[PDB]
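Before any questions on binding or motion, here is one chain by itself as structure tokens, the form deposited in one PDB entry.
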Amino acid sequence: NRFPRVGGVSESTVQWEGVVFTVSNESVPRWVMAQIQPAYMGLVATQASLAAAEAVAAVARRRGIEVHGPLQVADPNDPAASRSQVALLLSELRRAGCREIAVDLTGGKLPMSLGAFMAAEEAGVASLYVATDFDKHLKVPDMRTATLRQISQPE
């Protein structure tokens, strides 16, 4: 694809046994999946992004990842609703044996990312972010500049 083949800023950034996503599009989580190569995955989506989350899930299961979800949030503008569902996925992954989890909060609306961040921080799990440079008018990310970054390490 037009994402770089290599994306992690550092070796620790790509070492995770599980990853939980807030989902808006299927492209970015699919790329992060290929960067990290986890054994487990969780997905939080909305009614509007459900189809894209189900496509990330189908891809991941085919490669043998244990995928929990997608779970839906009733309201993507409510960070509490996303915190609840991310916290449930974090707990499900742990009861399934996943020893080290990070939450990629790039996707979804901003309150979804904020709920995910709070759930991650309260659970002692790191948060990841795909950073890109943009066009002049800051409306479109350049996939070819993507880098995966850790923005918290509260473990």
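Residue numbers count along the first chain shown, from 1. Heads up, when I say rigid core I mean the largest set of C-alphas that superpose within 1.5 Å between the two forms. Compared with the form deposited in another entry:
In this overlay on the rigid core, residue 143 has a C-alpha that sits 2 Å or more away from its partner position between the two forms.
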Contents of the next structure:
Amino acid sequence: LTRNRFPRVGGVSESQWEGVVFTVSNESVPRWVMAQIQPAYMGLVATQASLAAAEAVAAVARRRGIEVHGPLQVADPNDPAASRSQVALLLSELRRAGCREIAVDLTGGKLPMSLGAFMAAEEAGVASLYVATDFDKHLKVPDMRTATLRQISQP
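Could you output the structure for the form deposited in another entry, given that the previous block was the form deposited in one PDB entry?
If you are looking for partners or other molecules, they are not here, because only the chain is given.
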């Protein structure tokens, strides 16, 4: 059979990975993951609309001494194939730079961006992560006081 199999699904990581690749829609959630994981390497995949947010994340990362790859851009946030291709490129680029353990944080972007990132993570044998939060009812944004680093799959 050629059918895919997911032997380890779910769970929580509360720190390890030294590299993280993000799909990007906002800057605050990747900045939180950066503070939790303290990676030495970072990859970023964004859209035209979220490019500025991704550049804000990279600017904070560089001032902490993190090696940043990207932001790479996808032309269509609805297309899972473009996000798969760009995340797979960054995972390869991080590995060729010496990065060992890498995770893909697929929280940001539209669902096809996250699903393409997941497929690229699975094809590379790397873990996929998701930042679970409750919604801040009074500030109308994710409540990062509630943030938990959940694990989607560990190949």
